Amino acid sequence: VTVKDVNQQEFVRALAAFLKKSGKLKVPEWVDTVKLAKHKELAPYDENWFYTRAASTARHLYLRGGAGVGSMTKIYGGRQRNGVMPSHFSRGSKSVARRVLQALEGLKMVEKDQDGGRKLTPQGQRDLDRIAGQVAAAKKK
Amino acid sequence: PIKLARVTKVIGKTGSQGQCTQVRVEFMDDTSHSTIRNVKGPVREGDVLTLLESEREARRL
Amino acid sequence: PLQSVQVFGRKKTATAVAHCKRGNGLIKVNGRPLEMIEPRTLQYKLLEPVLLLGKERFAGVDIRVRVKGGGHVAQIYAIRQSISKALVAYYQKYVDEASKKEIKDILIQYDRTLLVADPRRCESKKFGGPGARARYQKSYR
Amino acid sequence: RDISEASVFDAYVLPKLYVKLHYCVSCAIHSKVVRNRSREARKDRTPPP
Amino acid sequence: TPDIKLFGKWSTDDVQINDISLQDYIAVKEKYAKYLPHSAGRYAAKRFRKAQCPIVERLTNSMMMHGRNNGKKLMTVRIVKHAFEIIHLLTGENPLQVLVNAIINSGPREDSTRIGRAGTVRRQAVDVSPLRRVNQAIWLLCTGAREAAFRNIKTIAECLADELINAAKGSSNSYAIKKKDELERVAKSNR
Amino acid sequence: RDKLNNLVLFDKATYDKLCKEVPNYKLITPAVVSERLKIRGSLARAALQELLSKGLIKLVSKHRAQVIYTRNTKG
Amino acid sequence: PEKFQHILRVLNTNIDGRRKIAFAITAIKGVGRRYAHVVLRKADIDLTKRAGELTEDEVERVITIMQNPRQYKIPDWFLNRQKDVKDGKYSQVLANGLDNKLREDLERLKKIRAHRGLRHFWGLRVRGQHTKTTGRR
RNA sequence: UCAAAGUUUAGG
RNA sequence: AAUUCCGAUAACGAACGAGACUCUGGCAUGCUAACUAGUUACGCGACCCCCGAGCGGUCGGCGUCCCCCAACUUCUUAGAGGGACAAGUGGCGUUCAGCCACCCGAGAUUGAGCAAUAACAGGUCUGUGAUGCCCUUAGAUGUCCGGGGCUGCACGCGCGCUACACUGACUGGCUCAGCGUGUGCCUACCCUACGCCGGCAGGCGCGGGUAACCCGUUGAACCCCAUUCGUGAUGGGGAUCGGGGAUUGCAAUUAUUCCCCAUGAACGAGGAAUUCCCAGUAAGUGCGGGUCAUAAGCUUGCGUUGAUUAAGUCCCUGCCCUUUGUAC
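Residue numbers (PDB author numbering), protein chains in the order written: chain TT, 4 to 144; chain cc, 8 to 68; chain QQ, 6 to 146; chain aa, 51 to 99; chain FF, 14 to 204; chain ZZ, 41 to 115; chain SS, 6 to 142.
Treat the hints as calculated values from the structure; they're not laboratory data.
Misleading hints may appear alongside valid ones.
Said to hold, decoys possible - Within a straight-line C-alpha distance of at most 27 Å, the following computed BS3-like cross-link-like pairs (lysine-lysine) qualify:
| # | chain 1 | residue 1 | chain 2 | residue 2 |
| --- | --- | --- | --- | --- |
| 1 | TT | 144 | FF | 18 |
| 2 | FF | 18 | QQ | 106 |
| 3 | QQ | 109 | FF | 44 |
| 4 | QQ | 73 | FF | 85 |
| 5 | FF | 182 | QQ | 109 |
| 6 | SS | 47 | SS | 78 |
| 7 | ZZ | 52 | SS | 54 |
| 8 | FF | 22 | ZZ | 66 |
| 9 | TT | 7 | QQ | 26 |
| 10 | TT | 41 | SS | 47 |
| 11 | ZZ | 43 | ZZ | 98 |
| 12 | SS | 25 | ZZ | 78 |
| 13 | FF | 182 | cc | 10 |
| 14 | ZZ | 78 | ZZ | 60 |
To be verified - One side only, chain ZZ facing chain FF, incomplete, derived with CB under 8 Å:
| # | residue |
| --- | --- |
| 15 | 69 |
| 16 | 93 |
| 17 | 96 |
| 18 | 100 |
| 19 | 105 |
Even for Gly, the Cβ is constructed at its ideal location relative to N, Cα and C.
All chains, full assembly: derive it from the sequences and hints.
Below is the structure:
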């Protein structure tokens, strides 16, 4: 049983918790202070969000390979209220996407590929596909 | 007496702005009877009106 | 010699190409079973042929699909079209035309969409208004 | 037919209402008893059928 | 599922239409009634084509309204199914029948056409079309619910149920059923 | 006319009303509990998560917008 | 739970302990959703609580962070008065003091007879917007 | 099977 | 739909316009086609690590590592053909021209482009080295440089954008497009992958790209799924305003734009009035082109979500023909 075989919402719930339990990520200094992208009004309501988006970034890297940080800002883009002017697409925060991919670099979930950009590593494919197998065997629901 | 009545022949759309179809209607309980009267909406041969009154019978409008 | 059938489906710009094959009737799309795709309200759509014809008709015919283009609603109807068209093409070729005939009738009386696609497609905007038909507001006075 | 049903007198031939009008020109045209005509069609003193 | 088509949960059969007239244009069933109130459903192409659309799909479509909700359909599918759930718990019986019965006691039986009448406007009473009767019934009551569900803490679904229940019951409490009674009274005043 | 002024507290009488009355309703939604009482809404949600946990109410649907809850599951 | 204050009085303002803390502090002039949220994270509070809860020690803890933010690592940016001319400090003005700093800066431009000051003086739009059409008051 | 609806550069 | 046809007949026999036509939309498991499409399903030759199921085999899943001496065209691109004609069945119609319905299947209707006679003293001399006349012509109405102005605000109108919330807001998560454009230039510079530095706007490195090659499975928005919040001018709304930081620039003050922290206005759905629209249509919703050093609240294209209501009439507003009246 692979990750595609699982409901992706509840997968990253577990992956983030897997990333907490391990306790060797490197969440940086900012976390509290930082915004997350120029989109935003507010800071994330989950105060342990770096674990969640590191999880969401990895699971993306499993599906689509060779993804740079510029690729990562595009995936976490969205609407931007100019407020009184019409909305437009803003790309996600660079540094926090970079700080994530460096964190998975140190974890050895990933490896920076030939022809540029990150791609995930077997020892990472372990964790991702293992936790899918855990989710699949949660219950018949 | 809310008599039902089946449309036999849709005649032509009367009305000022054009809306009220003039429709000839068989009278359900005894089909010998047959008034002509007006309808707001899309009407066709083979449907059933719900006349409240049963004795008015319109003509030109 | 293998009994392969590649069959397409359309909805606006949503090319869903299904692909039947002699097997065990998995039915997954892009690379994941029917219980994602993930607009989710429209689950019964991308189930319909499976619900109508039942698991017996499918049983021994595995159906990998591929989709791209169109939006999320568009892509669902595409696959929904594709998988039911594909099935009809398997039975036409590698069963007998009598079973096909009954299958086809069961789907059509449900909906003509299943096999025969819409020709509906997006009408072009002409200058003097924001859409095809809508005109910009006349000032007059 | 409603009155034919609910008349006492068997069969019975009804009556008829007999009125000679006298429309003046102004009113005759208004009520469209008489339309106008082209200079040629003015000279046709047969009635319409 | 293979022999009979459920509406996700609820049943198609055992939904008896009362008014022979609303019947035929209420498609809760010919036999044909589907899993969802969504369907490519190009019914607009011709005149009475409209009727063959299943009433729940129509009710969803009539819910996709006031610009901010224009085009927003899955948004509205969810609303309907939640209302049907709410109707199921509140009353009991199939919510489909509760909708059908609501529809049935909501559309006017006669209205009042605006004929010219010299210049200053005075109507004639005229007697409504069964398709029109169903249509007005659908929109009246969907509209009734919307305007209930703005600025109070009450979900659309919850409001939509409560109107549909206060419609099926001739409550004179539903916007729809009340607006209808007033419409029919106005027509009586010029019958 | 409308000026609705709500509570955000474990304020004794309301909490005892919830524990008695609310598990008997057929419709139980936070909105409905709000209009029954004069309880805020976030309060009402929290109350109706607490009665599930305890097991005096039933879950019908747990959707983003609307949650639905029922009578006990009586007999 | 917690039966106590519900209503608060902090730094001349009247915060509704009825509200949730992270958005309740924004009742004060000069602290916004951003800043307040940061301030509570450096405070290390369960910010789910309504402001009407919280120990009186905790609200004084919050205020002391709000007043002297950079000492609890609220960085340079999250501060409304930076490199602020009347001594080159970088610091978050609050309360009536915020109003006082504003008025002094306007009075400053006024005293200098600069363009921008003259327009604030005349009750016009200062940020170069077109006024033939708008602001009709 | 008939409501009310007046006026129109000197400046070519 | 049509001065479109039939048919009448002091007319006969023609010319334009309409129609035909061109471009486009949708049907082709039919044909031609491919490393700048796919690959397509094979082969799995595999890599590959437990990647997973599983004691192990066999499967499930992609990423890709793949060329060529694998196999093709379903998806792709675009050629040249076919294809629908009111042809079929039933009515109605002078049993003509035709209209209605239904079969087959797109049902004569996908939407543009082109577009007559005669006008208008419509606009344009500020598009022209198209221009007559008039003017002015060195202390220039020529021309270049510096600066300011077209942005000035008691006010009145026009097309717009954002909203007035909970069918919502915010915070996360999931997950799909289609027309395009792009440097190495007519006078000085494009599009940008990947890595580092920065909260962010951006900065610095190296790469690819005159392009189905690179940007680019363009990983768009709305939507969908978990967040709170709770009808409080509220976390709705985001005006105005202070402080700070970026980039474009020879230069940005009268705020060029971008980012940041703060400030937090009317607005709780709009009087009389009036616009736009019938099928992928309105409306929502983003993204391209244009201008463009800097750069869209405009525009012109693109798609994605996708209704309600009509299928009619001349009441209003207008138009086309005939008769009629007319002191125009």
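Against the structure, the hints come out as follows:
1. TT/144 / FF/18: holds (23 Å)
2. FF/18 / QQ/106: holds (21 Å)
3. QQ/109 / FF/44: holds (18 Å)
4. QQ/73 / FF/85: Answer holds: residue 73 of chain QQ to residue 85 of chain FF is near 23 Å, not above 27 Å.
5. FF/182 / QQ/109: Not satisfied, since the Cα-Cα distance of roughly 43 Å exceeds 27 Å.
6. SS/47 / SS/78: With a Cα-Cα distance of about 8 Å, the restraint between residue 47 of chain SS and residue 78 of chain SS holds, given a limit of 27 Å.
7. ZZ/52 / SS/54: holds (19 Å)
8. FF/22 / ZZ/66: holds (19 Å)
9. TT/7 / QQ/26: Holds - the C-alpha atoms of residue 26 of chain QQ and residue 7 of chain TT are around 21 Å apart, at most 27 Å.
10. TT/41 / SS/47: holds (22 Å)
11. ZZ/43 / ZZ/98: Not satisfied, since the Cα-Cα distance of roughly 32 Å exceeds 27 Å.
12. SS/25 / ZZ/78: holds (18 Å)
13. FF/182 / cc/10: holds (22 Å)
14. ZZ/78 / ZZ/60: holds (16 Å)
15. 69: Holds: closest Cβ of chain FF sits about 6 Å from residue 69 of chain ZZ, inside 8 Å.
16. 93: violated (21 Å)
17. 96: violated (16 Å)
18. 100: Since chain FF brings a Cβ to about 6 Å from residue 100 of chain ZZ, closer than 8 Å, the hint holds.
19. 105: Residue 105 of chain ZZ check passes; min Cβ-Cβ to chain FF is 7 Å, inside 8 Å.
In this structure, the earlier hints numbered 5, 11, 16 and 17 are contradicted, and the remaining ones agree with it.
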